[PDB]
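Work the whole structure out from these sequences, hints included.
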Amino acid sequence: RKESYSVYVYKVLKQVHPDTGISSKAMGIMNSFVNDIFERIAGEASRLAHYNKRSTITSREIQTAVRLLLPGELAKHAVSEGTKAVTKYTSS
Amino acid sequence: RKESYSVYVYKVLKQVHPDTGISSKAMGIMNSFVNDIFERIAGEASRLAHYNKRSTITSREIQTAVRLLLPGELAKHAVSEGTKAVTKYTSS
Amino acid sequence: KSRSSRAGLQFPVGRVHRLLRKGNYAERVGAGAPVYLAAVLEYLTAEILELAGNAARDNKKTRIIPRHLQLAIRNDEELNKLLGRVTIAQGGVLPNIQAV
Amino acid sequence: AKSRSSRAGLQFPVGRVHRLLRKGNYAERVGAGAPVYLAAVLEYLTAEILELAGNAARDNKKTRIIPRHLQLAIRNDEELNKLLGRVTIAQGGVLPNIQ
Amino acid sequence: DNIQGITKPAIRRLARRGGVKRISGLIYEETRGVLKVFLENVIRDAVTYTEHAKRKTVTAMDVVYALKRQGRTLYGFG
Amino acid sequence: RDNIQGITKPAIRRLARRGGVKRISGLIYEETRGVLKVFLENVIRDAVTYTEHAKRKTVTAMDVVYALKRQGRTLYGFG
Amino acid sequence: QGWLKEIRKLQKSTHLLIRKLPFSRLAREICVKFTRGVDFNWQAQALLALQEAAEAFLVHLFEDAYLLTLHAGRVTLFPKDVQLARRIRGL
Amino acid sequence: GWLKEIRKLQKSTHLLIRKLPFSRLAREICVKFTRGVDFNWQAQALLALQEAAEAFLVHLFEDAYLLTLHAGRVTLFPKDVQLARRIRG
DNA sequence: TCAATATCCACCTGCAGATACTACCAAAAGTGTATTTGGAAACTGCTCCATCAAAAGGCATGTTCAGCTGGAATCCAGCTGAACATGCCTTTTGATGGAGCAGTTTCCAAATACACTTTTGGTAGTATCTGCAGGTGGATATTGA
DNA sequence: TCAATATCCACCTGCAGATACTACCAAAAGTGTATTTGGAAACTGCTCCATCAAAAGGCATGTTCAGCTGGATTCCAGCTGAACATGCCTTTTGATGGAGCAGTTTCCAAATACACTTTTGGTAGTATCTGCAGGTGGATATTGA
Numbered sequence: 033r034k035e036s037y038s039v040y041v042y043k044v045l046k047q048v049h050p051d052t053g054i055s056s057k058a059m060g061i062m063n064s065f066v067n068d069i070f071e072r073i074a075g076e077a078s079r080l081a082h083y084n085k086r087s088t089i090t091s092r093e094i095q096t097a098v099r100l101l102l103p104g105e106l107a108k109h110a111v112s113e114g115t116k117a118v119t120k121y122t123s124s
Numbered sequence: 033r034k035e036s037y038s039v040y041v042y043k044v045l046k047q048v049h050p051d052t053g054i055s056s057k058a059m060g061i062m063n064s065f066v067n068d069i070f071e072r073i074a075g076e077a078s079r080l081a082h083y084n085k086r087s088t089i090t091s092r093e094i095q096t097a098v099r100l101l102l103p104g105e106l107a108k109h110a111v112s113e114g115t116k117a118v119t120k121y122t123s124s
Numbered sequence: 015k016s017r018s019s020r021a022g023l024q025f026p027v028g029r030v031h032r033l034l035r036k037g038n039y040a041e042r043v044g045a046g047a048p049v050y051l052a053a054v055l056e057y058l059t060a061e062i063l064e065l066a067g068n069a070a071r072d073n074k075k076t077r078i079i080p081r082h083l084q085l086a087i088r089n090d091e092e093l094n095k096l097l098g099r100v101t102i103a104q105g106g107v108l109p110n111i112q113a114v
Numbered sequence: 014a015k016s017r018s019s020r021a022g023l024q025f026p027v028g029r030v031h032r033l034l035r036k037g038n039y040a041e042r043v044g045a046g047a048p049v050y051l052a053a054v055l056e057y058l059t060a061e062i063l064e065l066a067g068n069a070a071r072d073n074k075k076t077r078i079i080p081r082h083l084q085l086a087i088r089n090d091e092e093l094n095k096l097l098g099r100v101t102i103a104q105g106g107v108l109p110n111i112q
Numbered sequence: 024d025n026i027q028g029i030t031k032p033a034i035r036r037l038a039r040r041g042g043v044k045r046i047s048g049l050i051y052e053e054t055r056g057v058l059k060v061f062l063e064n065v066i067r068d069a070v071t072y073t074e075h076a077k078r079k080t081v082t083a084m085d086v087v088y089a090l091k092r093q094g095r096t097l098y099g100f101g
Numbered sequence: 023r024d025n026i027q028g029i030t031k032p033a034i035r036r037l038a039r040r041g042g043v044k045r046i047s048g049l050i051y052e053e054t055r056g057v058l059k060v061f062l063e064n065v066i067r068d069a070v071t072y073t074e075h076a077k078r079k080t081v082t083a084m085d086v087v088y089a090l091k092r093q094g095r096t097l098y099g100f101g
Numbered sequence: 045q046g047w048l049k050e051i052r053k054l055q056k057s058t059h060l061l062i063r064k065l066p067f068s069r070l071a072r073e074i075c076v077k078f079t080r081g082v083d084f085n086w087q088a089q090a091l092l093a094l095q096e097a098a099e100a101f102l103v104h105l106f107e108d109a110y111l112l113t114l115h116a117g118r119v120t121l122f123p124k125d126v127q128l129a130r131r132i133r134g135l
Numbered sequence: 046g047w048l049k050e051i052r053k054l055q056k057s058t059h060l061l062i063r064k065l066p067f068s069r070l071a072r073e074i075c076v077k078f079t080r081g082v083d084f085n086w087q088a089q090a091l092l093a094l095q096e097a098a099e100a101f102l103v104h105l106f107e108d109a110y111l112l113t114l115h116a117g118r119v120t121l122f123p124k125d126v127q128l129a130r131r132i133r134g
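Chains as they are written, first to last, in the deposited numbering: chain D, 33 to 124; chain H, 33 to 124; chain G, 15 to 114; chain C, 14 to 112; chain F, 24 to 101; chain B, 23 to 101; chain E, 45 to 135; chain A, 46 to 134.
No incorrect hints appear here.
Calculated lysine-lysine pairs in the PhoX-like style (CA-CA distance at most 20 Å, straight line): (1) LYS77(E) <-> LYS79(F); (2) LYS74(C) <-> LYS56(E); (3) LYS34(H) <-> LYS57(H); (4) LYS57(D) <-> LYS75(C); (5) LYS44(B) <-> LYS56(A); (6) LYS53(A) <-> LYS44(B); (7) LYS59(B) <-> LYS124(A); (8) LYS79(B) <-> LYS77(A); (9) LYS91(B) <-> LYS91(F); (10) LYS15(G) <-> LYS116(H); (11) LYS34(D) <-> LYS36(C); (12) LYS91(B) <-> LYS95(C); (13) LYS49(A) <-> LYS44(B); (14) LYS108(D) <-> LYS95(C); (15) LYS31(F) <-> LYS44(F); (16) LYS31(B) <-> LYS44(B); (17) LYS56(E) <-> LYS75(C); (18) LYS43(D) <-> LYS57(D); (19) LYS31(F) <-> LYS53(E); (20) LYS91(B) <-> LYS59(B); (21) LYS31(B) <-> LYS53(A); (22) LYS108(H) <-> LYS77(E); (23) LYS95(G) <-> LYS91(B); (24) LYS31(B) <-> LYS124(A); (25) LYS31(F) <-> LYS49(E); (26) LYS75(G) <-> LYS56(A).
Worth flagging that the hints you see were computed from the coordinates, not collected in a lab.
Now the structure itself:
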């Protein structure tokens, strides 16, 4: 009945730091982190489509929201990653 | 093609200060004022229904949002006015 | 037979309904929400306009301008709290000097 | 048969993100590529923070991450602190700072 | 009482964690007042969120939503 | 000329006086210019994003208002 | 000395500094003044959340305010410093 | 006297920075984000930006002169502008 | 206190830029009537966790003293504001573009529904292992000498 | 500089709580397939309102001075911290019931669709009329004495 992001956080952790664990209090913080950024990005993407009279949210709205929210080099790398993901999703 | 709240602001003004006019720059400020409060109240009402797993926005959500946003005595009077409006709307 | 008249209001109940429906706030909207919200908006509008007209009268004028709105807002304890992260075009500042 | 996270090359879920976007009253329609982009972004940010936190844990000679380490990571970084400046980490403490 | 259970040593510890070397004797009342002000604002918003739902128990999510309103997002409980 | 030396001493003195300031040090005129540049960079960066999204080459007032509203600053008199 | 050891020790830690029962008692007393005179129940995680938030608020305020003692050439914390910090923050 | 100028400038509402310098600066900043393209600017957009900037600066000066007096001074220093920004966030 | 000079208020006249008032219109939108549907309220029951008690001892409280610091009074030199003469940059105006905004078409990508795998969350139960506390044991600065 | 005392720092031991792992399962959630539909891209085109130059006069620039303020020094009394001896209030633990949460009915309220009437936004062409600028007359505070 309850759902979370813990599985995927654990995978990513074993992918960057294979020797390192994580406590239960900390994964709550990480789950809260993921829920917050989702809400922010989707909220900005909702408005851009309303401002421009669009009824559909696409990857362009998410990209623009990423540019607006995230600071500096972090936005640059996030844009690169998302673009690659879409690129190799389409080519399958 | 463009729409605004100027008609109703002018009515309210002639209802509180019959001798007094209003300039065009100021009514822009008032129109901006009305659009801002609408967005805030409706945004809070959207979340309360999501937090509690409801698909409908009612007068109770608006009332709670009014209590949360507005400070002190101002919320009290706003609640009174809205309750009276609904009461005499239903009785017709 | 208009909804604003049935409720005793000057503000538009139908327009508020349409704007709630089109704004992606929820999948459904009830019938008392637009009237309740329109009434709240009318109350706040009139509450500001009263003080602005009073400030105009104090300055010996018959027409409201943004300076008067600013004075009204910043001299009222609650409206300032509501509108404390807001700047009003062509409003200026409140006079304030202080001794050391 | 095949998932969409795998086509995209991701660990995060692309179906769940789609579901949450549709159920959140964000817009009438939702495209095919939006969930992919968003999941990728979330994965990137998670990995960044976890890397920094694991480094902080190792410096303190520990094998397990706790909120102290995430706080140190976040406040020692000039960008994550700007993204998370209005945020308080439970059981995280403060940075040592005298004077 | 009930505000005098926030003791002199507790306030002194909170100050030291903030890097304070010396502390006037009038800081203990001022801190108590500002704390009492902070709790009032959060608690009423929590109680409002709690009453909209028709229950008589304050949950952690009500507190979290209140703080999020005040602009004080909290990680750890939801 | 550097396009920020067009923000002159008298203008800064006037803003300070409207703020109630009696005396001003000579090192305030360069500090203020940096503050202003930072503010403008932050607002304009977001304004340009909103209008490039819409596929325009013209910055409108709504783009500026949206940017400010993001930054935590809400401006009424425009539309 | 003694102040420096204590500062170093306390910045290195994470635990809560106010005792729990007093904070609980105060929060309940404040709640009862709303609610129209009825006593609500509280989950425990709720009180912990509130306590964490409060102590964070106070520590950060003390930090912001000891910057104004040194501005004024002092070492001792006074109440005017806290007042002015709250004013400038916008609270 | 400083006292007459303060009183006069607090009754007024007009903008204090001249238009063309502000426009030039704002267009100089824009071209760095547009990758060489000279974007156009509505006339009602530059006025918005100017109103906002002047408000920001006036309120900052107020907050800082609050800190000059705390220190026992009458003269405004950069020392005092920097600290107000830190405390505001 | 004297007093002229700005300066302060007040009143007046003139005018012109902006607000109210009509017409009109016609496009958009809101209202009224039936019909169908499903979301949420009302009722019942269950079990989880939050209130409420009673012992133990560890942190808080009170008194006193020594020394550190805040605050007031001098004094000196740096530096900001005020005034005047001058000239360069901003403001205003008129003339073209070029880009925004409205219109039409069509096609591609989204919703919709149904059938089929799969993955994730929860529950016993296992065990194991990381780190915290304790204590030994080596070795450094420190404020009183 | 000396150094015992804290104090720091490291190192080793034991164990208890919390982590990680395996198995079951089942359900609910995601995937694949086919159909239909509607939003948005692509291309035209037209009128608005943005940009580019020019002419001049008003605000800014530069120099000097003198009066005010910032900053360092000295002195003294108030007030904070540290130490020590009590004891009172917090913490931990355990039986108990009240309230949250899930499941079932149903019924009242919202969405959908069509017709019809009302309202609001924009333009043309007015006509005021309110507020600002300049002009003049009367009256006081502060500059210096």
